[PDB]
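Every protein chain of the complex appears in place save one, which is left out.
As written, the chains take the letters A, B and C, and residue 1 is the first residue of each chain.
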């Protein structure tokens, strides 16, 4: 029973609350902070447009919600300086507001009396970034305190990149992620700092930038400077694909590329990276707990140019990787 | 030329801008206020996910945008007290932020120099509310200075209700509007004061309240207390339909209900209310300039109970109604 | 264990299959007939854009599919005369192709050795039409052999109409169903006998006819001649609502209308009709097993005119109703 807190009970925060419920034997969410009133908060817990109804009952009052007869403290402090985790013996705070991805801002959780902070996103000034199944062994139970669990796309790309580079070496690579729309995008054409994301999300293919390809280097140093890419946001509510095209010096074939993924995708790592030969479409990978679902039927090769494609549920898959990482932290003060 | 300012360059503000280019010979938009920087504003004006590309070159600088060679002063004041419409000799302000539907607040525009204010929405404390085609002949240029052009749904409902009440007598009625999603709804399940409008707009049927059927009484006072209804937000980006079930003492048939609309839907009034026997779906009424398109194929009659359905592009149709009102105001004394 | 065949392994057929696995102790689907090859048939069982992945393993060979170890025999006969259900000991056939809603055509399943046929749609020339929870107690094991489970919309409307008519009396009413798009509609503007259903389904509000308001008269003959209505197909893949506006002679309030549903919506009937005060949107009723989910928050009253709204998952809720009817047929005399 390692006692967990959630800062920012949004898509990832609520996906995380459910993942813990359905997957963890040893964690407990005992406090959450969120800018929403508790009626809204509990409604959005009980009903979900993507995951469906929560298995259990939810009640609320002015400073709590109660899920399956278990009382949870709730705060509404839009600056985490004004919080007090310590008061609920809270060991870890998932930082999923998306506004405290700077560790200098996030560490504030520690100041409020937390031991760990896992930011549910690419970060800055953090102690360490991890994609579970890729670089989790270099967690430092003593020094690694404010950390990143990286991005959905990085948790898709890195597993697959690592294997294929470990095997054939990647010289250069460029990625397109065709990605479900997310909450930062606008429903109607409206204000946004990014002039494409300003555009009505559910009727547009929307190009946008992503650090996810560069960010791979945070977990695979050997690929620094070797990878870049961008995203096409498309009208599905969840479910995404990472399409990577790359150059190798090795002689390769489709078969050899596919057999390497297949070979590697077993055991504990297989809980992160899956190998498929199924006729998949995006709805088939909704609620899939892998970080990366390699699609063997999409593999292409001309000369020493290779295209490979991997799926991920950007909500649920990512969240399952964030739970793995959290179990690790939780197993070692 | 009558000079117009727009406060709130959003969906309705930008439809209104284009409507003026496309349909007015005597209005010109000379200043706009909005919270966006001018690079953002000009981009959203040039490119539109519903109306397509503006047919004119657009440039911007620190103080302005220029559209087909005409400079438009641009401000970014959250508080309208800080505007200066008089500097631009603006006659009429379209209030389309959604934040100043109280006339006690919208009157700031008048104090900042405007002569008239038309709120793009149900208002309070307003001098008068109008649905063009229904009650605009009661516009009073000396006493009606801050006015409402009502809601999209009311502009769809009121014309059809006037005809049917005038010819048959509506005793009682309940409406459902099946309505395109709008910008306040959430893309992903997230915080909202309305617990249903919180839910991912583009994958849900979302019920929501609307005063639109009660508000008909503002323009047809003979129907106070007689109409109510509600909305179902559905996944289309624009285009809507109003479904009205009502009772009459008159003896009626599908045919006589339909003839009653066809008879009335001519001349000037027919620019507000259309009569159709076409096999319409919502994309067919996208960029229709009527406030109300009556679908004769959907009329049903059971005893003394009648169901009628009228379409409306809640963006462009409503805007064209607002533009009709605007032209009326501009045609008369602005003193 | 009563053994079941499905003719038409489409949206309803495959929902019905999953409903049996998940909800039934005493039925088993052992044979299916469809137009698809076994690879295609198994792919579409295994993977589902709405229901997600089957939680059983699916394999195939060239005369069968295997699901959690159970061999299901597979046919691809366009003409049901050419089937043989008796070779599989099938007592009941679900007729879910959409092409054999005439009971004179569907009776070919009985010629081919079945005992009972349940058409998953409005039918013609049928022995009897049922909405489970409304008129199923009139099922006659000897003489009701080829029957209808009526439509999705009828299974939403009838339970609500029965309670309100029993309590207050319904003089007249007109219905609008706001309904998920269905396989009859076109993805792109293209040929259809219905010129509105011809139009790209996922970008349009599409008006179309519905027989649900006549059909309620079949299971509730007190409402003969009293109801009419239509449908608006909208861009959701499943999930629908029935909006009924009616006149009553009773003096009624929002509260008394709601209380009547809440009072009725209990026990076994409560598995057909639920009563809700939740802030529902369509996704919230996806995979709900009720035929009808009354939304108390949408009730309106103007004098003696009432507007009520009930939800339904037109795929899964209807299928659960159809399963309830199947369980009843299966619980009685299948013989003659």
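In this text, a contact is a pair of C-beta atoms (placed from the backbone, for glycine too) under 8 Å apart; a residue touches a chain by one contact, two chains touch by 3 or more.
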| item | value |
| --- | --- |
| Which displayed chains the unshown chain touches | A, B, C |
| Among A:46, A:226 or A:324, the residue in touch with the chain that has been omitted | A:226 |
| Residue in contact with the excluded chain [from A:72, A:200 or A:322] | A:200 |
| Chain not shown: contacting residue from B:31, B:219 or B:281 | B:281 |
| Selected from C:109, C:116 or C:199 as touching the chain missing from the view | C:199 |
| Where the unshown chain meets chain B, residue by residue | 43, 46-50, 52-53, 278-281, 283-284, 286-287 |
| Missing-partner contacts on chain A, residue numbers | 171-174, 176, 178, 195-196, 199-200, 203-207, 226-230, 232, 234-236, 239, 241, 243, 245-247, 279-283, 295, 297-298, 300, 302-307, 309 |
| Interface with the unshown chain - residue positions in chain C | 10-11, 14, 35-36, 39-40, 43-44, 47-50, 181-183, 185-192, 195, 198-204, 235, 237 |
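The rule is short, and it goes like this: only the chains that are shown with their structure count from here on.
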| item | value |
| --- | --- |
| Whole-Å gap between the CA centroids of chain A and chain C | 39 |
| Interface hub residues of chain B, defined as touching at least two other chains | 195, 199-200, 203-204, 235 |
